[PDB]
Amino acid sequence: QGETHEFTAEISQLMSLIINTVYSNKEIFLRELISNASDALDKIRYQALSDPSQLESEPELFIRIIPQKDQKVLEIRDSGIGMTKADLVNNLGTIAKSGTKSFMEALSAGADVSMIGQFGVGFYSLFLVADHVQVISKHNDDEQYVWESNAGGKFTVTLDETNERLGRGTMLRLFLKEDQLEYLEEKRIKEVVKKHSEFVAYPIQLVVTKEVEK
């Protein structure tokens, strides 16, 4: 029952730029996704001021990073406001954010890719480190959905009948490129996170899997 959609041209152009012309500072993808998560948590907190029942779906407010070495996947989960189906379709492909063209012009003018969040399209920096991505999201009073794309021209949005229940919020699953597997290692993730985590108000949890020795 999976809708298929095409990326709007400006977003396809933006991903083209990012994938093909940005050679350094690829680690900023994690700052950008942590920022999106923090914003999403801000939003549910705001709603909770007028209606504290909105937090009941998932009471703890967190940002969680989960390296999955077996699958060569890096997951980033938050318990923020989450997204409906229409939210996923519009925020992540069909509507070009106002800043998309502006950001492409800024890159051409000499901007560092680190600036991408100032233009509201920080999501797309993940394609610096991944060719395939799933976005799982759960909004109050709606079902859980999965958005998926392979850094191409189309994406799908489907009712989620295969992933763990989020309760509320969003989880990105980054299928990392073969030369970008450094981001599955605890020490590298901590290094990158500590650079820009001094003013994040929420706990950033790192899930590490280690074999029991002895």
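Rigid core: the largest C-alpha set superposing within 1.5 Å between the two forms. Numbering follows the first chain given and starts at 1. Compared with the form deposited in another entry:
- Residue shifts between these two forms, rigid core superposed: of 114, 84, 91, 102, the only C-alpha displaced by 2 Å or more belongs to 91.
- Superposition of the core reveals a Cα shift of less than 2 Å for residue 200 between these two forms.
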Contents of the next structure:
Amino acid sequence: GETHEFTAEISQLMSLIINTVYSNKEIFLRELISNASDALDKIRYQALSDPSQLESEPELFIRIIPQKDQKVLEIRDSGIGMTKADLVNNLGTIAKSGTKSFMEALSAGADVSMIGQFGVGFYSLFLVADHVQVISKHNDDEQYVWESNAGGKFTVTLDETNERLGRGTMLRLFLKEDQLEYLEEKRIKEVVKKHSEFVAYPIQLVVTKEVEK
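Next up, the form deposited in another entry, please; the one we just looked at was the form deposited in one PDB entry.
The text that comes after this line covers the one chain and nothing more.
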């Protein structure tokens, strides 16, 4: 049940995004699907040389699950997944190398929407969410949960409370009260159709409806 501290660049970064009055917040969703697609690219690459890598979850998919009652939006994929080392280290130093670059770009006039070219698009989720849990399962490890309140610290804990993923990652975004449109099927459909034409993988949406009886 370990606590860790964000680097000063990432804490700076998270503070910008969570407090930004940036209007086009729907790009948060394009960015998380791009993280997902890359993770699926990666297991697909490995499974080419070692097809047993897919046995943990033979289906390759992205899945969006609005949880209206909890005001949480979940984003799941069957990509490579992340080990405990990956989560504790926030993927290491090379992955976040562009954080300062990106922040310098924003000072010069850049659109928050180019965050993904600096390799840190994950943190765009704080445009719409004030809290996040990241559940992940890598073939080389057990299942873990990373969690952040958008503060200086985050936690990583062995996963003994969530559905088994088999392989891959699920994000649960605790939506800011001004962003609940993104629990809506129509809104979610608008945004995926807009920004995700060239994602090679099926993008599934899970919508809960009452049976008129």
